[PDB]
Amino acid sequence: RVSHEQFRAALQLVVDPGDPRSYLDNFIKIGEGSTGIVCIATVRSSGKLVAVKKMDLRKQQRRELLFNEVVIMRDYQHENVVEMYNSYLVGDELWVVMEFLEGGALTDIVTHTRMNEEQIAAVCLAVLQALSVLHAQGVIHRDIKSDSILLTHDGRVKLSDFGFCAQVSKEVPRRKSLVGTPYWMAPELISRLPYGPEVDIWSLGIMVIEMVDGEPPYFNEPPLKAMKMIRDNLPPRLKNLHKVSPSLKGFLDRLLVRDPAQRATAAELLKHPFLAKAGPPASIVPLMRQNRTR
């Protein structure tokens, strides 16, 4: 394991030089994240909001993840992936300056209201389009869940929160690391087996359950207990199974497949006729907190 000094030096070569407090002001904390805190700030010259994630290099279990997030954000851009404007080192902190997405996170929708199948298909389609491109390059997100799905003001999906991502290669085609969010984790990953991009497809299935049911399976169990049930049991069932179409159930059945070798890929899923239901971005807008009644 390389020293802090050597890790920082490596990271320093890939981030933008300088101090971002020269450009940004009016910092407001908005959250505790997956490897740090998240703020909003205004860019001095425009008065435009940006999001800024701050991660302490010295308080990370897997520092390499900081490096991964920066490099993947720099090199693998997509219309359905959150944009990184710049990154900086400020002492022993990594700051990542991101676009601010006015729609907020999908979690806020699934916990406050009920999506219809056209809306569910729109979200799935957009996530799958991003994943197909990312997976083709060996990038694994490893933390798919509604919290990682952000929405623009006009209802477009942006996959976000690459703080736990990895990249596989011909030389090192699988990862073994037990990482993610307990209730969303793929059974192969919980089992600490060599895994690949397929883990994201399972996680997406659990997010479909969120979109139908409001919460993932086993959410009331201690995390290690939930992980045992995902590992050992038949795939989780929709609590609101009675509400769903044959197309949706057929779709979900291709995601929540325990053997990763039998699980559908993102590229296969883009052709599933459930996604023919997808509404446009205008269909998501009324779900967002700023438009909700009640």
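Just so we're on the same page, rigid core means the largest C-alpha set that superposes within 1.5 Å between forms. Residue numbers count along the first chain shown, from 1. What changes on going to the form deposited in another entry:
Relative to the larger rigid part, the smaller one has turned by 10° between the two forms, according to C-alpha superposition.
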The other form holds:
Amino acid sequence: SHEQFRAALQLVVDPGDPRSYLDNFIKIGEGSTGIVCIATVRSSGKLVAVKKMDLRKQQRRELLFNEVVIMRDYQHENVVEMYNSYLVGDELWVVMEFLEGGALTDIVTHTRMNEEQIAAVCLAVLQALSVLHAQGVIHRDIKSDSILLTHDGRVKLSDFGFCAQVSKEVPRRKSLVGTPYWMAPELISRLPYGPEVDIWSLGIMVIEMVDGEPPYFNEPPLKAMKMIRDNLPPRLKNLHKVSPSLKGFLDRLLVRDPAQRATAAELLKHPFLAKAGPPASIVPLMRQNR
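For comparison with the form deposited in one PDB entry, provide the form deposited in another entry.
Keep in mind that what follows is only the chain, not its partners or any molecules around it.
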């Protein structure tokens, strides 16, 4: 049953105990699939992040493979770097880069962002999504919560628990996964869907950065989901705070027809993204700076 998973892991993971070089573990967080900790590296004095998870008590064990097997070795400035993974008892530990700035979701709830800062975030996420989409990877869970910030103000994509690899021969997936408010129409349709569901989800994230919340966030998840499927492209509640430039950009992401919805490739050219400021424009927005 479970020790078949254990055995496959032992192919992948680096062997040996990461306690041979890691200590002063401290809990950051948790999102059901495991606990997450900060730990110090003895040899060098640096901090890392460590996701730990017991193999037996995982329920969508399938997904546990997807982060490790996909995320292992993708080189990208705007993606969260995995260092190693280890088998430690009946537990998988994954060691990652530690982003000091935390999630963007902390920022969008408390403050409102200007367009320079919005453009930067979008730029970073589109750079990363273009490559991931250039190698078959649909993230399938884009939202402010899965964006992390360095102290420099750099933006990196993470939280690949739900990602899926896709190819020339089977170019779509069926599986109903994601966060409701952020899921595309076709995904709730139970239709086959491609790497464009990232783009809709991104659009919903822009509405997060401008409004503070996504559409229908008052509703229950089941209500909101028919609403996104059935009804029109949702709209910015604060349309008046927003450029015609950004408004255009946004109208090319929230296309309900998937066919004519735009692409990381395409969107990387748009005039909206030339407003993007450097990493330093983002710093002030953080909790140490607020």
